[PDB]
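Only a portion of the chains appears, each positioned as in the full assembly.
By written order: A, B and C. Residues from 1 in each chain.
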Amino acid sequence: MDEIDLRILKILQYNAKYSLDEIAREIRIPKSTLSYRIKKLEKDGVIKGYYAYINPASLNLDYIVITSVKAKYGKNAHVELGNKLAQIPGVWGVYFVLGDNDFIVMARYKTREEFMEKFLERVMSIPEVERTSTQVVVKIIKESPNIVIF
Amino acid sequence: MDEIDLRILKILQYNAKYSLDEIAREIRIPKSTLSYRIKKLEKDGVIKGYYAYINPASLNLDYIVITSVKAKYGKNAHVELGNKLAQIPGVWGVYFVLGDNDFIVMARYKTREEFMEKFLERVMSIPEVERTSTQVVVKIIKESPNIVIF
Amino acid sequence: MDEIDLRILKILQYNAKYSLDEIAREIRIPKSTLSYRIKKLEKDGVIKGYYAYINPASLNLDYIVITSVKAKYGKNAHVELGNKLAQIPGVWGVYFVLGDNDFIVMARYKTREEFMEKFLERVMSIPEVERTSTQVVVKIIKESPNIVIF
């Protein structure tokens, strides 16, 4: 892609509901060229899709957690655990990291009970889990993963 | 909102580019009622917007980090630091948490150098920062923050 | 319950040996209405009972400890351990928490020996216990769990 695609993406990452006109007029190129470039970006998998950004509060997702998981070493344990963690309802982020913890898990729940029943109890029963340490998020100062071009 | 809104959102959180027909036909309600409900959800701020989901790899965002920041206690330090962290280019997530660290920062960069220059050096110069500990993400097993209804 | 019940409870949490007169006269309501409301609160389980507040020193409970317990992950280990900990003589508090430790145990003993024999040795033999870390309380600056309305 070129500098022009970047300008297009920088817009779509913020607002995907702009008309081709508004975007074409802003970036200064013909609407048909824009439409082509956008379809192009999707074909090449640069743009994997379009989503509605839903306010978590609106769904009463008040119990936000960031859990560090240490896996029992050996075998294929790490790959297996990673996947078992990604399948848990409420978990939207699973990262394998370098440090004192193996995985960092991002999850959201409506309440403490939901969290205990849907996430904690489950994880504590997963075989390859050595230990977990959950940090409760008391305030989201920022959460805009959609902004990839800064 | 009602059970019907939930079904609508569960779709839009995955694919916001469905036609009113496809959605109306799936949920079994008239297209005009759907259109109204969607506009309604936006007005009430349930749906805050629509974004293009851009593949980070496509932008060579290879250096992914999860940094824990400890703030120097006192004054208005915490609120100030939180905000200074959210303004750093590449940082898309800033969380105030309960535990041994004050903030958890999610950031992405193309390379180690970009990371050092844009993020690390900056943060180490921020007054209210007592200490930082960065965990490098070697593998993203899952990152779908858009899925709020599970 | 209403604001009036709150005023009643705020008194009973401090001194349950006040006469109906003294309380009725303070809150400005008829003694029979008070008596009814109190019986009401007990029926609904708001007031679970009345206890004598006994000075621990008077019983030579000089060895006060706050022990963090880490459980071995898996199975039904956590629920089982929690219960085995609550049954140990001298233990009055058992909490399951989010952090690097699973349970926080509050206990009191007359001496170091009593502590070793009644608590430590027992806990170290409990199967589901991975590790324990005891913090000895050298000074109780405050311990008024009875004050729930502040």
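Following the convention adopted for this analysis, a contact is a pair of C-beta atoms (placed from the backbone, for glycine too) under 8 Å apart; a residue touches a chain by one contact, two chains touch by 3 or more.
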item	value
Total identical subunits in the assembly as filed, 3 in place	8
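The definition used in the following text is that only the chains that are shown with their structure count from here on.
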item	value
Pair of chains ranked first by number of touching C-beta pairs	A-B
Centre-of-Cα separation between subunit B and subunit A, whole angstrom	7
Distance from the mean Cα position of subunit C to that of subunit A, given in whole angstrom	42
Subunit C: positions in contact with at least two other chains	98-100
In the complex with subunit C, residue positions of subunit A that touch it	65, 121, 124-125, 127, 129-136
Subunit A partner contacts - residues on subunit B that touch it in the complex	1, 9, 12-17, 44-56, 58-59, 61, 64, 66, 82-83, 85-86, 89-99, 101, 103-104, 106, 108, 133, 135-150
Subunit A contact footprint on subunit C (complex, rising order)	70, 73-75, 77-78, 98-100
